[PDB]
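Throw the hints in and build the complete structure from the sequences for me.
One-letter residues, chain by chain:
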Amino acid sequence: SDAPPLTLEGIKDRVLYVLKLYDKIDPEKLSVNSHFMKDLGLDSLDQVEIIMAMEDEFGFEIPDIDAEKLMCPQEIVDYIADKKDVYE
Amino acid sequence: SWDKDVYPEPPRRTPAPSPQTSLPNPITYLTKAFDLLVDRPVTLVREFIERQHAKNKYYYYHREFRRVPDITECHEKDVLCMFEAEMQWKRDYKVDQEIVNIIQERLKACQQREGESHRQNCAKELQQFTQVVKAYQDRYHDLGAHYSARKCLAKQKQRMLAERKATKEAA
Amino acid sequence: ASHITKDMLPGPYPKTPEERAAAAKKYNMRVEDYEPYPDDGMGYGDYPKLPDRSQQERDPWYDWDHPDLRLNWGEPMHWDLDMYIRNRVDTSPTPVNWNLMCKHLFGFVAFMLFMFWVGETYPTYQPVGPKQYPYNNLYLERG
Amino acid sequence: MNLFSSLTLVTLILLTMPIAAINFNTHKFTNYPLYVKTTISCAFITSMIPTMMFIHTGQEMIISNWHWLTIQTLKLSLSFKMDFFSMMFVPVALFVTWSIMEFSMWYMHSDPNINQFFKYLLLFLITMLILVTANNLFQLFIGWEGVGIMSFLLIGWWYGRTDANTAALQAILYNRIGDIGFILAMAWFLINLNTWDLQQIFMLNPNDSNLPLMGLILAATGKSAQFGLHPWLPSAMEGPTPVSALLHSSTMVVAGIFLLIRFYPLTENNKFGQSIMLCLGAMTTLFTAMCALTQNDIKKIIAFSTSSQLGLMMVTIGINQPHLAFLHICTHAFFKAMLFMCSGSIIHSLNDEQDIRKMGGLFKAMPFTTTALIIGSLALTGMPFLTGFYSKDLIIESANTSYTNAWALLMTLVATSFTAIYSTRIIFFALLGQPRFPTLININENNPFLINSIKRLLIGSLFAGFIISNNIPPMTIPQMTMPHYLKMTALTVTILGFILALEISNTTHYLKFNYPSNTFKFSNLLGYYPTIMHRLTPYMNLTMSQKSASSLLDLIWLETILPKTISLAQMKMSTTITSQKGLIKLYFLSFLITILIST
Amino acid sequence: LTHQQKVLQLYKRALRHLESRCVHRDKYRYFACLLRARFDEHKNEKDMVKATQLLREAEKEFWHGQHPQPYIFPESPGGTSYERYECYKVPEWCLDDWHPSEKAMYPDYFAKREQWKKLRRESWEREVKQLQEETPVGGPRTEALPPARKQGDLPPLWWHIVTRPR
Amino acid sequence: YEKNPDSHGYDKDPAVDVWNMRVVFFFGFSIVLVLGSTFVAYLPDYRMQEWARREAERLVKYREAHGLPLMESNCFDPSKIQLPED
Amino acid sequence: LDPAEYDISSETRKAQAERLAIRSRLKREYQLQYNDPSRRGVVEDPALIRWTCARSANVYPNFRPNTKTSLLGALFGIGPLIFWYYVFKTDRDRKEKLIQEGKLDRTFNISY
Amino acid sequence: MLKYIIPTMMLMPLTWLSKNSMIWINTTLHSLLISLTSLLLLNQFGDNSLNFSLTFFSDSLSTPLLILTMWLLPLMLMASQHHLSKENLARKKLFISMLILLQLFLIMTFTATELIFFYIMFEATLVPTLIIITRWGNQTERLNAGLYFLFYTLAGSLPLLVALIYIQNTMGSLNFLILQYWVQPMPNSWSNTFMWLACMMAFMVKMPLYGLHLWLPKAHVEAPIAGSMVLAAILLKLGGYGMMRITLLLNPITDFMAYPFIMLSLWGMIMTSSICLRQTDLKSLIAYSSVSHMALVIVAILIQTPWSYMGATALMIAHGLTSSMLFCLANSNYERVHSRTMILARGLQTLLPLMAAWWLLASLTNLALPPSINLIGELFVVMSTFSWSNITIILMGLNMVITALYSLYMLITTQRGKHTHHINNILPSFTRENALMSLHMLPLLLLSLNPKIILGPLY
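As they're listed, the protein sequences go chains S, U, L, X, D, E, Z and B.
Remember, this note's numbering sits 2 above the position in the first sequence when you count from 1.
Remember, this note's numbering sits 232 above the position in the second sequence when you count from 1.
Remember, this note's numbering sits 781 above the position in the third sequence when you count from 1.
Remember, this note's numbering sits 140 above the position in the fourth sequence when you count from 1.
To convert, note that position 71 of the fifth sequence is 55 in this note's numbering; the numbers rise steadily by one, no gaps.
Remember, this note's numbering sits 119 above the position in the sixth sequence when you count from 1.
Remember, this note's numbering sits 1 above the position in the seventh sequence when you count from 1.
Remember, this note's numbering sits 169 above the position in the eighth sequence when you count from 1.
Derived by calculation from the structure, the hints in this document are not laboratory data.
Fair warning: there could be bad hints in the mix.
Unchecked claim - If you want the ones that stay clear, here's a sample from chain X, every Cβ over 12 Å from chain Z, calculated:
no.	residue
1	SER146
2	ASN409
3	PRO575
4	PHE603
5	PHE606
6	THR616
7	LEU631
What the hints assert, rightly or not - Some chain X residues near chain L, calculated using beta-carbon distances under 10 Å:
no.	residue
8	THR302
9	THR306
10	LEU426
11	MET430
12	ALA546
13	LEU549
14	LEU626
15	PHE660
16	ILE672
17	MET673
18	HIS674
19	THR677
20	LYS687
21	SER691
Even for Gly, the Cβ is constructed at its ideal location relative to N, Cα and C.
Set out below in structure tokens:
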């Protein structure tokens, strides 16, 4: 079975959750629209880290070429959304 | 009901059961029960089929083949005699084949019967085995695909001559 | 349709290299590729003018849908695809070690040196002068 | 006595299912997999009766049924050979497959192909049963290539994933080399003994058994995983877990040596034979000890462990102790079948990573599976006093003594030790540290299928080896007088490697940057890639030589058409000139009256 | 190919092999932190050749840090999955013909599916026009597929609506 | 590329197909496979080998009961034969 | 095999190799990429037909000029083959000898 | 036998005069009705080969091969349709007529007593096949591979007539019965050299030995499926058959003369078995397979042990059904996507989930699976050849491993690993395909119960 799917609410809560666990920036501004770099100015090497440990959160895929350009959180949710099987 | 002395069944020599200790009866419940469940319910049927067969009998005969002059009295050619000779040669041949089968099976059943005794009580039957299979080995063994009589008679010529020189060197 | 030129015979000098660039990969080093077909050909070894390539690994990496393993692309097939895909090795850095295995066979030949020599039964071994070994040897007497 | 005719019932009790799997084509939709399972148990009890009958009175009766053709001097029929090898084995096979089939009802519930799957796996079982019950060597051969191709299909269960079916093909390849050995043995038995009948070959003992029995060594080495041909197992992991379980326990890789055991009276002699035995099974023990460590796929660890075991059993056919081996096959079946059928609980429970990295600690809502892992681990360690001890410890006691070439004693020691250190690996990783792995725990132990499966297999295991213990009608003189330092080393080595590996991976300091050269030779300096890739190219080279004979054949025929090209010149030798053929035919015609003048 | 993905790739798979190295994840942490500094001192210099040089030095020094069985998450090519289920993927062009009986076995699916057949049968002219318009001569430069401006479908859609993984 | 609309479907163009599968499945599967398979299943004893078994049994029994060694080799009695000479 | 030297790509090789390479590629990607409705049969791509025709050995029937070719082929079917001729004839004749003299110890051989 | 000669000759006008659309029905029907009596043909017993009439008779071997032929027509013809299923009626009746006439000359050939009647009917068998594959073969450039193919035959295939007529006037009768009993030893010398070599190589051109094997592949890729099942299920077994009989004489000669050919077949078995591994274009794989098994047959013929024949003939029949069927699989795959190239499409475990079972089953029957007749024959042959040379098993069993590898490689990459998804044509199965497959395997699996029918004259 391996029953539970990842739904939109769930994945949202997850990317959102772990990005709130990232310490060096505050939960202050975190939103699917809230810009993943320009807002927080985080290192691009550090977004490589974000996609690293987030992949280790969901455990799959994420090729380097597509991982490069990801950015905003809603977008990450989208990539995981079409790659996994998500929508109703 | 096969012919007995062709296929020996030695004495059955069944041992006498001794309980020797007082316990349950693990198989014997089911050997009796089996002999209740699977013995009679089949036996009735086989017996009924028996009487059904027996109400109308048949008779079928084992064929015979008479003898002929075989290879000797045939002239070098003029097949009309030869055909009989060499084909019945082929019959007697297959007969010898099945003899070899019989002995070869006696040996197998012998070891299976003896048990761990493998070299005890098969010596006689293995002995006559080496006798027969050395005979077949000597006679029919190496000829080839195309063989009739001419080639068996041939090989026998070969041995008779080789042993005639062997018996002049016997001096 | 199968065009008048679907493949093969090389050897016309000047414009055949570019002609083979057409119908195949065409570029500087690709003109040198169709050309590398006629260079690898040299004197005829039964290989026609089909283009050339290397044995390096173009393999599954998740994008671009590479050659004939799973084919979304229409470029040249080289000579390989009857080798690679299903059962093959093709390219890697590789350990390239012929010692370690043959030095387990060192363990074997070491054994066969142990083959004529032996361990014995009881209790212990190699005080040896001309001592007994199993065959039970000399005399017999007690009294 | 005819209750052994019920023994030849049980085989048809197995035969029953596929007939249902074909003819009706509907009620199978009613969950027959349950039905298959029930047929297996029926075969287990109906197969259990004859064992009891034997172990009181013996009485092994071979039946030929109706004979297979005739041909010339040898009429080969077919048989079911009750050797106490069959009598004792078949309840084990049916029992372990009972487990693996119920577990499979838990494992495959999502897969839409489940029914077909049981058709295969069951059929695989039929090929096994017909192999281990047969005497007449042709029927051996039948079960042989049967279980072989079944290994191909089952390891190849997943269409696609080139890796999978590729592994399958390598497997069947090795089986087929084992086959070349086998049919060598067959042929020799014909020409020299004028039969292959497993009774008759026993009766007349060939003075020279060298060559054929060597062939038997080869055939054993093909399936049994033995040395010089490894890659079978580690890529054989690619099949679905239950198939892998059934593959390394009761079937196949044990059926390799099961043949050598079958011929044991013929291998009593030709100490050349036992020599090769302990020259080789040794090499698999310590080899797979050297190449087994550090590879991090749990299932694969389990594999290399079974390879090392099989080495130890080959060594048990060394000297003369075939029965001790046989017992160790049965016990091994229980223990490692347990180990896989739990490892699946780990894997599928985890989602599926099946890498020993990540994993986690022992008890996290996983009480019963981990219990199975220290019953099975602690079991396969060589046992302290537990069941399999009745195999392995006796084995190293007798092998520890007498005429062994003595390169095999140290082999036994460090072999079993590194088995214990496998166990220490899987505990120090899978069962030890606090959980580290992809989050969102999905784990579930709650389902009657698993708990009942592992349940029955462990309840049996600890009590099964004890029945097999002292019901083994004595076949030889046990050592039983065992000297100091040749006695006290059985358990003691398992503790020296136990402690040694314990302190190896315990209290580990900073681990970063470089690792050893041995760890790069622990994966391997290729015995997998060198032989597979290298041996893969050579047939293509022979295709180049084939282009030599083909290009030379159509180059010679092109020398005939070149002789037709320049034979047209023998036609083109005509100059088409009326002053040529007319006056030359007149001059050379007067040369027909010149040649006819003297001719 | 640019310095960006070059450096960033070496960093990423360096973290990967480092993951595979250690255990209990904390030692992995502060080691990965020492590495974080090892690239953290970097990047503050826009000198051109010095950089690629030192990178290559990290290419050898990295190549030392590869043990032969780096951890591979299941779904990519690797010893766990990479389409375990691949025999289960049946393309939607199959079932275009089943028997009309079984086509009646599930009466309402092919309704909406027929709305798709008409969706993309009505289409592809809008598609071919938009594409034949946009493409520069030969369409050499672009592997991409730019959207549609008018209200409607994105033109090369058909295969990109896929049989899903299991 | 002609394919079929697959109105039902079979071998050939419509309305004769049913008859086609009827004749080929019947005469092909029914009569020859089952019927013939019963024919050659048990036909009269082939190559005579059953007779060979019976005759072998009788003859061997005679050979022991009268004490002659069975299977004398020499396919033809040297009592009647002649040999070339050097 | 073993990516190494981390080529600096220069300038031409950058411009030429990039632009021309991915030029032709994307040309052909988009080419077979059409994937419209209304095609019932295969996509037929002219690729791999060249593979098949060439691998049908187009230069096989013509000729084989000498060079090293007759040496590679002749020596390719020479050494092992004719030596196997010699070994099967050898062991043949030996077998015949030990049959005709001494003993091969066949004893019971029979079916052969 | 004449009772089998009339009904097909009557089966000709059945074709010619008929209503359109019923030709397949009438031909198939009455042809199977022939197959029944073909199964009647087995009286064979005891020792003397039955003799129907003084012109032509049957021993064992002729009977299995004949049964296979008369069985094979209805399945063949049954298979050939939908290759066309559009044409003028004259094409259809011409084609079925040609298959008929071909069968007639085959029956003539197998039954023929006297070797000249055998030879006349021999080339008279070759012509109809040629007309079949050349007149429409799908003709890739046509290769002209029917015609100079007939030259590959006749080139060295004519002089065997010379040698025959020599045997005629020297000994009188060429009746096979009386050629037996009158056969007299022929010493080793240069005249008997050219003779033995004449007859031998004359038949050895048909079952290709590795030297001549270039014969098959082109001729068999250009053949329409009917002509293929004709060709490789039968027309090789003619060469091997006549070989079986004419080896009656040549008694000592075949030793010193045999040895080089034996060598060439033992090596070429491995070579051919190799080259068939790496090729594309599936239709060739089964061809070179046929070359391999036939090489094994020749090996079996020259060494004269009876075991060698039993395994031999068993291999003739088993390889006939197996190779034939497997061809028909290649075709049933070819109508789906027009390729002939193996690697092009893939999958078909997903799609056509039943057609799997026939791929698998047939490939296994060519994998030498133990109960399968193919392994009976191959097994006895390996026994014979090991008796001849203790050493040769390296080569034999090496053929076991390779034949395993390609025989099981064909089972994959056509049938497994992915669907290429740019196809979207293949229409699921047919009832006819299942009928053809079934009619192949089901008897090949049943024969694996009572094989003593198909084992050779010596048994």
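Going through the hints against the structure:
The beta carbon of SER146 (chain X) sits about 37 Å from the closest Cβ of chain Z, which is more than 12 Å, so the claim that it is off the interface holds. Taking the minimum C-beta to C-beta distance to chain Z, about 17 Å, the non-interface status of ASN409 (chain X) holds against the 12 Å cut. For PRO575 (chain X), the non-interface assignment is confirmed: its Cβ lies about 37 Å from the closest Cβ of chain Z, beyond the 12 Å cut-off. In this structure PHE603 (chain X) is separated from chain Z by more than 12 Å, as the shortest Cβ-Cβ distance comes to about 50 Å.
With a least CB separation of 48 Å from chain Z, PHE606 (chain X) remains clear of the 12 Å interface cut-off, as annotated. No Cβ of chain Z comes within 12 Å of the Cβ of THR616 (chain X); the nearest lies about 32 Å off, and the non-interface call holds. Taking the minimum C-beta to C-beta distance to chain Z, about 48 Å, the non-interface status of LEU631 (chain X) holds against the 12 Å cut. For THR302 (chain X), the interface hint holds, the least distance from its beta-carbon to any beta-carbon of chain L being 6 Å, beneath 10 Å.
With a cut of 10 Å, the hint placing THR306 (chain X) at the interface with chain L holds, because the nearest CB-to-CB distance is about 6 Å. Hint on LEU426 (chain X) holds. Least Cβ distance to chain L is approximately 8 Å, under the 10 Å limit. Against a cut-off of 10 Å between C-beta atoms, the interface hint on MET430 (chain X) holds, since the closest Cβ of chain L lies about 8 Å away. For the restraint placing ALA546 (chain X) at the interface with chain L, the shortest Cβ-Cβ distance is roughly 2 Å, inside the 10 Å limit, so the hint holds.
Checking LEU549 (chain X) against chain L by beta carbon gives a least distance of about 7 Å; that is within 10 Å, so the hint holds. For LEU626 (chain X), the interface hint holds, the least distance from its beta-carbon to any beta-carbon of chain L being 8 Å, beneath 10 Å. With a cut of 10 Å, the hint placing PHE660 (chain X) at the interface with chain L holds, because the nearest CB-to-CB distance is about 7 Å. Annotation: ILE672 (chain X) was flagged as interfacial toward chain L, and the flag holds, the nearest CB pair being 7 Å apart, inside 10 Å.
Hint status for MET673 (chain X): holds, given a least beta-carbon distance of 3 Å to chain L, under 10 Å. Contact between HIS674 (chain X) and chain L, as hinted, is supported at the beta carbon level, the nearest pair being about 9 Å apart and thus within 10 Å. Of the supplied interface hints, the one on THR677 (chain X) holds, with its beta-carbon coming within about 8 Å of a beta-carbon of chain L, less than 10 Å. Nearest Cβ of chain L to the Cβ of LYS687 (chain X): about 6 Å, under the 10 Å cut. The hint holds.
Interface restraint check: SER691 (chain X) against chain L, minimum CB-CB distance 5 Å, threshold 10 Å, status holds.
Comparing the model with each earlier hint shows no violations; every hint is respected.
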